[PDB]
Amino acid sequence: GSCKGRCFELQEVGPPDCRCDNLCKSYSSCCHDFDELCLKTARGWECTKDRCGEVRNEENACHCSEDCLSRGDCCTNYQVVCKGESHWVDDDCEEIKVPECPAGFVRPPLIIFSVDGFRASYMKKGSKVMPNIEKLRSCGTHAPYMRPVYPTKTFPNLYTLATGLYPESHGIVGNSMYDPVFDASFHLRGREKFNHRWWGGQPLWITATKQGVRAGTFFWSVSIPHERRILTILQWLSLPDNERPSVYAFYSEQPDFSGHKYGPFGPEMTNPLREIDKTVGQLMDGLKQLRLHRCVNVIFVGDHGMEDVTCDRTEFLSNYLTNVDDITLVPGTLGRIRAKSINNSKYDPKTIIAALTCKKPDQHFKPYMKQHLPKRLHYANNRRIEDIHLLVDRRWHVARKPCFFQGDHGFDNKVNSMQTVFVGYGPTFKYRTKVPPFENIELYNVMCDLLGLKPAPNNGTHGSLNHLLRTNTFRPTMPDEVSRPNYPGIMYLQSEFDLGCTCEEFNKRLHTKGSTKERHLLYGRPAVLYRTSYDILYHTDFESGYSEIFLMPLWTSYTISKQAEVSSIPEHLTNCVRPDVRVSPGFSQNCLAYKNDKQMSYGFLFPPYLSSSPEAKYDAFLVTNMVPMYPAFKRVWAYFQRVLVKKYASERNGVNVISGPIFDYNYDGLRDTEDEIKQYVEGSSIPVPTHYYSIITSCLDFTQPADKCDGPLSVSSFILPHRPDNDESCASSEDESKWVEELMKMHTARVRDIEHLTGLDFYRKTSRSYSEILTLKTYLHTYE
């Protein structure tokens, strides 16, 4: 019952007996002599010349004795001070072609060095402020920035890093949360967070253990100083082969702690950043002492950034609501609202939202029902996410009712100040290599590959980060189609239709297989990865995949050149809908349903505004090009089609557009089955989409047009909520030029998001490698 020879022991002793592990303080369960034996601090963390070849005094924090290297408990500068070696940072970058591990090591170990609140722009402070970090970044592989998950808080992002899962899937939806099934609350401070019931998914340390790879204890009690954490990892690395872990993690509270007090760009932040870099230097010096500097893979990673936030920029819910005592708020850089007491007829969340919507001219938050939040946030499918959510403007706070802190974080994850860091260094990482920015959900697959592990099912796209690594244990393969398209010719007469709406004989080559494929399907046909029956429909200006089940297109593909002219809908074609002779009356929509539904109207996927001729314009009014649209939504859609597509074509030297409907009534981010569709157009089997997407593709080399592109592609995409009002847009009374683009930028998306929501697979026939295509699919156009 003591810590004699057990300090930071990898085994965890069960109750009641006392412990000597990393987290014994966090449970208040350490042995009587834990601080005496394990938290040694005498004579600091640095050897001095007078200590060289000293006899071991066991009261010292670290050692300068000739027995220390074998134990791994030397001070990190021992060989520099006592053996005339250089610091790691003073050595030049040398390419690590293969791992160079000492005897015993069957694989390169992984060191995860996670720094709290390390904003991406701090990297610009350079080798002046952070020599060690700048060497890792220069010599190794790095991105401009890494995107965190929403909310951009500590716990959701640390656990996302460990699982590859979105917060809604792993369950840690915030630093604070209530679970109605448990009827308990989780808090950053306190003992409740230690209970396993909160934590879903499978984090890296469990994935490792289950596949026979030993993991160090990832988490450190705040009492343990940063130098003690580094020495502990160095001692663990000196263990026998059967006791030694292959994966470790260091966590730092800085620069987050100091960012909170002083804000992100204070002159006070230089000191935190120097301390962090000094600590990195101690690790890299320590690894060099053990001849592990060209063996271990190191990941320098942050959980989120930091924004300027002060007490004077606080919105109060009592300035909007008359009954803030009947509701519970998770306050701060985000809002989550809940009823105070259960069983309250007075509490209607739809009236609360209405009361919080566009009420002051300069209002610095926006309310949402969680299912109406942008889909890119993936913040809805969990019982711990409150129905009512407030997205708060950058630099602001929200509190319930009416300084020491100048910084905070937790805002929308595409906000520039919330972006964080990634650096990879070691044998498996590439040498002096810059990679495009990526999302922290992708890192778990990378870390599994660095340890030879099969990842558990997660939300990363395995293969999308292969370009970070020298050698790739995982080769992504493209999934096969589950459903082959039908290609119906002309079958029925126009006389034999009766769809209830007023509006070829000379043209034999009408709607035939010609150059439609080459003009309008630039990257091959989208593959349907679920079981359904659908038809391919060719036209002069566009191709489409028409679902016979949902009675509309799943996708519509067209290519607008830079020089394309916009035209108007003629007065005679304004209420025009033609039947499609290639599709049966049974599998077609009818106009009668849209007359019966007073709320609902219709729009077109391929725009009649962009048609190539007066002849070809008639193809846009086919019933197979038609989809259900609320009048409110048609303001947005008509503006996109008539104005914005041309604008993008003009800006990007032509664009290829792929547009279509999404059904996600259970808000899980996944394609709905027909059972889960909860709304249809009045008295018919035509389903109502929850969202509409478009994918806008062009050549990254803008000097080449979109239809003659040799090299990489550039993409931007959106998933627009299909809502009966424009209450989300506070300026929707003004001209569409003052608010529709802002709405679309808020609802930007990855092509991967649209694939989960549609069951489609895009970009199947290109000249690019599949790996490069997976990176293109995971890209988000942020507009920052």
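Positions refer to the first chain, counted from 1. Superpose the two forms; the largest set of C-alphas matching within 1.5 Å is the rigid core. Compared with the form deposited in another entry:
- Only one candidate in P427, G72, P485, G603 has its Cα displaced by 2 Å or more between these two forms after core superposition: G72.
- Superposed on the core, the two forms differ at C20: its CA moves 2 Å or more between these two forms.
- In the core-superposed comparison between these two forms, the C-alpha atom of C30 has shifted by at least 2 angstroms.
- Core-aligned CA deviation for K777 between these two forms: less than 2 Å.
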Contents of the next structure:
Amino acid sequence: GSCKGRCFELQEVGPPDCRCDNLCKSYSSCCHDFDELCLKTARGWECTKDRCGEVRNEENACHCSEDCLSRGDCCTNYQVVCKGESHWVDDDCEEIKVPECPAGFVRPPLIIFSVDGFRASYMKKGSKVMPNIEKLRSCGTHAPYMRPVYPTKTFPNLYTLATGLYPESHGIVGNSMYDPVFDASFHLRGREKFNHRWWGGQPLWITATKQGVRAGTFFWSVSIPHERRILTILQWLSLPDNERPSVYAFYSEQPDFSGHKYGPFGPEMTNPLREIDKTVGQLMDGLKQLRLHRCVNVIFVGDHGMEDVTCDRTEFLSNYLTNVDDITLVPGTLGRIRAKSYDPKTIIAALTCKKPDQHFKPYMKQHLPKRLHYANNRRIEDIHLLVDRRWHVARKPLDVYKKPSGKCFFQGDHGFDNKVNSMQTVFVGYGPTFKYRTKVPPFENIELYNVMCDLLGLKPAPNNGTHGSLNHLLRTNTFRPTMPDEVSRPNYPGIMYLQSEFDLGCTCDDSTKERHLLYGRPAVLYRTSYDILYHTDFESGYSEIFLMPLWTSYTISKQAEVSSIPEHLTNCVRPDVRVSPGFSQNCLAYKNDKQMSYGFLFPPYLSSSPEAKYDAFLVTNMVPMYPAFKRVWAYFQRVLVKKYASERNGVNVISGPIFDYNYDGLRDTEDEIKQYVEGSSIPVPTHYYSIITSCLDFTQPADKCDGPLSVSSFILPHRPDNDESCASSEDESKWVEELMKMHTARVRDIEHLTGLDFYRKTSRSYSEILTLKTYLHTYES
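Shown: the form deposited in one PDB entry; wanted: the form deposited in another entry:
Here you get just the chain by itself.
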């Protein structure tokens, strides 16, 4: 077969017949004359003055002849150089109220322009280096930065962009990975990645195709130059209505390639950024030449940032482990350890707080911060190393490959914790469906799959985005989110039992809703039996199944006083006459459990009076806590809640337990709970959460807030030691806050882990609430 009349055909031809599509090279399937007909390069990609009105020469890469517009193969700058038109970038910003598309366009097309390793801060270089990108950013909708997923590498992040899924769910958990069920390894180099079996979820091109929206072919063989890809996208946009795709992808390997070689701050980065802008220029000039520049939505998006890293800053496992030849390490800016073909507890202990300024921390994957969502996949090794920004971890010094000079290859790298500043990347949306000259807050790249589906009129496949949380990016929204319906309604028990009926082994020395549930009652979204319990200082939703609160809500004013637990109440636990003895915890179980103590969800320390303080010792306010965790919890309750109330002008706090023994980020059922307090059916939480809300305008108190809300949340691991915190032998003021900042979380994360729905009664729109629920308080900003 021949490629004559078929260059970059959108249909693909099955074997044995030869192909002419943009991927044929990658499958060794092109017709003999593909290069000759489809990959013309003569005279480059730009018209010059001397070429204007030339006699057409079919050898040229693109054309500057009078007939080129009608034939559809002009160079992108043809009208500029030969017809006196202006570059798109030199035109004034003008609002696109409505898509201005040629007749027969059913919807505005979407072009996704992805850049690899584009740090958010590169945008500070401005129009002097990147005038086209700067115009898109200024005129369109932009965020200061976009948060990638962990690990902050290309393959996980690009496939998250495509699917809306965390890597643990889509399956591309690294650039490199081993599947023990396949007994095979996936790598950047080689053929294994072309096997469909690695790739889960439903990416945008499949979602589009299944719902009758033409995607064409996203992927390009890497040897086709950038300029040819741009020209081909433009030619596809000129196809007839029954063939023209509605969505296009362009991907650039820059500025990642340069970032690795020169570091993110090297003066050598300027040129690669200029070249990316030149390519954006060609696209926009090219669209303008087709009169599609006010028709198409363009997304300019990065996969991750780039950090300064050097050979000099490498930790070696051979300095900790006596037995490194028995382990396989996925090295670099993260660590994944498994057996060569070895004991996990030994390895973790040998890597835990062994050197004073140790530049990595080992975790069993279930103990990683829940915000990373990096555990529920067989391709994720049990042992994980979180590596400090600017550092590498390697197995042994002679595992590190060198350049001929002896020095390491990289001055830049990425892959670190996705809350690290240097890993943040970019988002700009420009076009008829995006807002005009609008800044939006930072958001996570898991949210974009939904947006792209909305931009194409597609129903998204189930994903980890919160659909509606990015409605404020768009001028017009084809998705209106609705609050989920409550599944279980509470009971409201009154006094039902006499104290004499209780023998729990306990002893003690003898406008609630309005004040303490500021944003309404959380809805329970699964089938269960629970009670609303009111008190002077706090309200709770008490589970009869788990024998403790699902949530506890209370408000602490700026002027609230902290008091001590009187010595005589130290061991006070009181039966709750509203709740059956059989639905209550018992003190005997804690006495007999050598490892387990207990804490309180509402802190006795913040009670409004000595009289009300007795409510805080109710058995229905008690939760199981390891003595090590009580050090953390007690400092949070006695010191930090009041600090936050002073800083934020009051806070509302909702605290509760989380059960996630199978580490899937979702509420466990009873069956899935694997640990109970000794001799009892009191389940042991894997984590404790808190959601701390106040007024965004801190000049207004939390309980009289007219406007937007401000939230910070955490999901603290409920651990029997503080081995995670290397300073834990010191006073809690030296390490507890650091622990908590590491385990910051979104409200949405807590919702997945609890089956609760928060903020059900506010004066805010539901899409603004959805935005609030996806917010992550990072303590870099």
